[PDB]
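Asks: Working from the sequences, and respecting the hints, build out all of it.
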Amino acid sequence: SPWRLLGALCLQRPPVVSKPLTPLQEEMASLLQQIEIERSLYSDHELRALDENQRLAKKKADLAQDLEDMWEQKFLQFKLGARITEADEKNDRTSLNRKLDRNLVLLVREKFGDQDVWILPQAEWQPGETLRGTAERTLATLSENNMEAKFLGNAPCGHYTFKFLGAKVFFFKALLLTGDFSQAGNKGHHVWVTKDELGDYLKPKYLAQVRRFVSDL
Amino acid sequence: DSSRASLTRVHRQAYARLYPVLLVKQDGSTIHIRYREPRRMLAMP
Amino acid sequence: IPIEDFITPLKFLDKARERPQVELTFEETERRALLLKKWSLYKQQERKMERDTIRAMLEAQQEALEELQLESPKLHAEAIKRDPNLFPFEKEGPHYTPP
Amino acid sequence: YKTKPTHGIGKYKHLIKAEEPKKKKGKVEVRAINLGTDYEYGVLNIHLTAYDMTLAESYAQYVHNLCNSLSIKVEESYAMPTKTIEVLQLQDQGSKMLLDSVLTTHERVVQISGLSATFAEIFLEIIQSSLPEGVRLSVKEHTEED
RNA sequence: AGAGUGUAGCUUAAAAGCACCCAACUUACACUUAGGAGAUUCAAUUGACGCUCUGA
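Chains as they are written, first to last, in the authors' numbering: chain e, 43 to 104, 116 to 217, 227 to 279; chain m, 34 to 78; chain 8, 83 to 181; chain f, 48 to 193.
Treat the hints as calculated values from the structure; they're not laboratory data. Take the hints with a grain of salt, since some may be wrong.
[Stated by the list, open to error] Now the stretches of chain 8 that chain f is said to cover, found in silico as 3 or more residues with beta-carbon under 8 Å: (1) 85-96; (2) 132-146; (3) 154-164; (4) 170-181.
For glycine and all other residues, C-beta sits at the position ideal for the given N, C-alpha and C.
Replies: This is the structure we're talking about:
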């Protein structure tokens with residue numbers, strides 16, 4: 043009973059920035075803030091304004118404004134980080150700083166002799182070794198950089214079956239911490255791809271069953 | 034999926050105002066923190 | 083010995099005469115009711131979405147496990163158990179503005 | 048009656064296991080049941096430390112409702128006292144005058160009993176995928192004293 | 001290309017009973033109260049629009 047030994051290596055990248063906000067959530071936050079204001083009582087700023095103005099009027103008939122002005126000036130002078138990062142490039146799709154709002158999966162294009170499709174970076178395992186060890190070895194060899202792929206568990210994800227001699231594919235995921243990719247100008251077609259781009263790039267059924275267990279958000 | 038725990042509310046009965054203040058860490062990132070005194074910038078070394 | 087912290091301080095009982103009144107209107111109440119209904123519907127939709135995604139992930143994991151069991155009666159013993167690696171696991175939250 | 052066919056019909060303590068034990072000071076945690084083809088870890092300890100209190104409380108409520116709806120037993124969830132921290136502020140033209148600020152820091156703790164490999168990995172990936180802004184996760188062990 | 005099928009997540013239910021979420025109490029879970037969204041895919045026991053399996 044011959045069985046060809048293959049695998050798979052899907053990359054998991056945590057998002058940096060949050061998803062955009064909807065108007066109904068804005069109205070909900072506004073009404074929650076109004077309820078918080080109506081429920082709050084005896085605050086430091088409220089007193090430091092009210093009793094201070096009362097003392098001012100009393101000693102005039104016989116702080117806070119400058120402080121909030123300085124606060125507004127310091128807020129206007131300090132410019133926060135520009136969140137506009139997915140629209141100023143629109144070309145460098147294989148960059149780490151491309152998408153920072155959702156999850157990104159990495160895949161490498163490889164043209165074989167009988168097959169000419171865009172398969173996820175597989176992982177060949179040997180009977181003399183384990184499975185996760187061979188998977189992480191193949192992930193380290195196909196990445197040619199210094200990365201920290203923290204696996205979320207020894208259990209697999211999804212399996213398939215294709216014959217012509228039997229074969230099998232073992233999917234494995236690992237959480238990525240930092241991104242120290244050396245030499246981003248390699249000839250390997252490793253592009254950071256999210257969800258919609260992933261569903262648009264693939265074509266056969268062996269890849270259409272991958273978007274069912276990935277974090278769709 | 035980061036908005037499920039964003040719209041919050043203080044369930045306590047007696048409390049003061051918690052203005053949405055911003056704070057920058059030792060790298061460059063702001064965060065909305067509900068804290069009194071309507072400050073704008075917190076330079077934490 | 084755990085120290086209780088939810089106890090309100092002593093400065094929460096001497097002062098309580100600032101904003102005792104609350105004035106609204108019928109339009110504000112009906113708008114708040116409509117917004118709460120819409121938010122409840124949105125939360126129910128998100129809960130159903132999470133439920134179906136979790137069910138899909140679980141059935142995919144079960145299919146992968148049963149295929150690995152029927153294709154290899156040895157790798158399951160080393161794939162089901164977890165090696166000591168996620169003991170000091172940590173994941174810091176996302177950010178608002180990039181560095 | 049003992050001889051009648053209706054014997055043992057009013058029995059009810061055999062269907063319950065709560066023997067009213069002293070669970071306030073008992074430090075008997077379940078060990079990680081290792082076997083190979085059936086992995087089962089003991090009790091963990093999830094930490095949600097942040098600067099805001101209401102965010103941590105909401106996240107704790109959400110994760111508790113999630114683990115209640117996912118059919119997994121929960122030990123006990125408590126909270127530790129906050130730690131006040133001062134933020135020194137040096138003057139611009141004067142490198143000798145230092146000021147001080149006040150900020151809060153809270154943290155919540157939740158525990159789950161049964162965590163099989165697939166179920167625990169799905170739970171942790173769902174937690175990290177729906178991780179809100181501000182808080183941070185740092186799972187430790189059950190031997191964390193106060 | 002063939003087969004299994006057919007009431008929302010479930011029914012040896014015929015438009016109901018179980019489920020879900022939000023608002024009030026709770027460190028927290030939870031009861032309770034106050035509310036919300038849900039279905040017989042089509043033309044008269046028949047044939048075809050949706051899912052799965054067996055293939056190439």
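Asks: Count the residues of the segment 132-146 of chain 8 whose Cβ falls closer than 8 Å to any Cβ of chain f, and tell me whether that reaches three.
Replies: This one holds; 6 residues, not fewer than the three required, reach chain f with a Cβ under 8 Å.
Asks: Are at least 3 residues of the segment 170-181 of chain 8 within less than 8 Å of chain f when you compare beta carbons?
Replies: holds (count 9)
Asks: Are there at least three residues in the segment 154-164 of chain 8 whose beta carbon sits under 8 Å from a beta carbon of chain f?
Replies: holds (count 6)
Asks: How does the segment 85-96 of chain 8 fare against chain f when you require at least three residues with a CB closer than 8 Å, holds or violated?
Replies: With 4 residues close enough to chain f, the hint holds.
The structure is consistent with each of the numbered hints, conforming to all of them.
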